[PDB]
Structures are given as structure tokens and as C-alpha cells.
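Before any questions on how it binds or moves, here is one chain, the form deposited in one PDB entry, in C-alpha cells.
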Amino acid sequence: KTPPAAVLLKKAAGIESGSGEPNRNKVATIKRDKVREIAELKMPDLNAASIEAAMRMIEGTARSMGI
């Protein structure tokens, strides 16, 4: 595996922790720039077809932690 979506997103987002997500979003960050990048690096471990799918998943982990 490579750094989990969580840590990748943490380091990306620029934080050391997650949240209570729906309520207190922990930070914002640029998708088409950043979420895509992570989607790229995480690809060897993603069962995704297109990068666009690879993304949907990453963005999906960002929600669970609120970003």
C-alpha cells in the first residue's frame, strides 16, 4: 500500500487531525489540483478505472474526516 487516503489527505489538507465532519469541517483544499494528485499517487492501490473514479474515492475519504 502507499500512505492511506487519510494521511495523504491530512498532509495535503495541512492538518494533524480529523473531525466531527458534518459539523466542524477541519480544513479546505483544492480538488482538481490536490485531490487529483493524491488520486494519482494512490492509483496502484485503487481498483479504479478512470482517474475521475480514483478521485471520487479520495474525495470520499476526505468527507469522512471533513475536508
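Shifts are known only where both forms have a C-alpha. Residue numbers count along the first chain shown, from 1. In this text, the rigid core denotes the largest set of C-alpha atoms whose superposition between the two forms falls within 1.5 Å. What changes on going to the form deposited in another entry:
Relative to the superposed core, residue 24 undergoes a C-alpha shift of no less than 2 Å between these two forms. The protein segment that moves between these two forms, counted as a run of at least three consecutive residues with every Cα displaced by 2 Å or more relative to the fitted core, is 20 to 32 alone.
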Given for the second form:
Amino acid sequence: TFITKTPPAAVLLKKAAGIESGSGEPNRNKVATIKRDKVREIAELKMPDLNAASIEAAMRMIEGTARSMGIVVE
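Alt. form deposited in another entry, vs. the form deposited in one PDB entry above:
We keep it simple here and write out only the one chain, dropping partners and molecules.
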């Protein structure tokens, strides 16, 4: 009955990586490198607000947002 909207993937990724802001040049200057176990946790929490058909698809999106801000997943 009441919408609990979760934080933007970006702010979730910022928190996970432990930083205050993304790269001004995503491709050239990476400012953080997290592991998938985390990208996975984000895709699980952000799941209600996602239109994915599975977690791996959810992570695809989450990782896509990590690419736009300069964060690296391993």
C-alpha cells in the first residue's frame, strides 16, 4: 500500500565502494574497485525497483551504472 523506494544504484555503489563521488572521466579515471559479491547485494536490494527477470540481469544494469561513474568490479 505504501511505496518504499530504495536509493539510486549510483548512491548504493558510492556507499559500497566507500567514496563521496564518481569519476569525472569514467573511462580514464577509475576511483574504486569493488567485488561482484557486492554488485550482487545491490541488485538484490534494488530488485523491487528493477524490471529484471533475474539477478544476473539485475547485476548487468547495476554494473552498467558502475561503468558510468568509474567503479571497477572483479
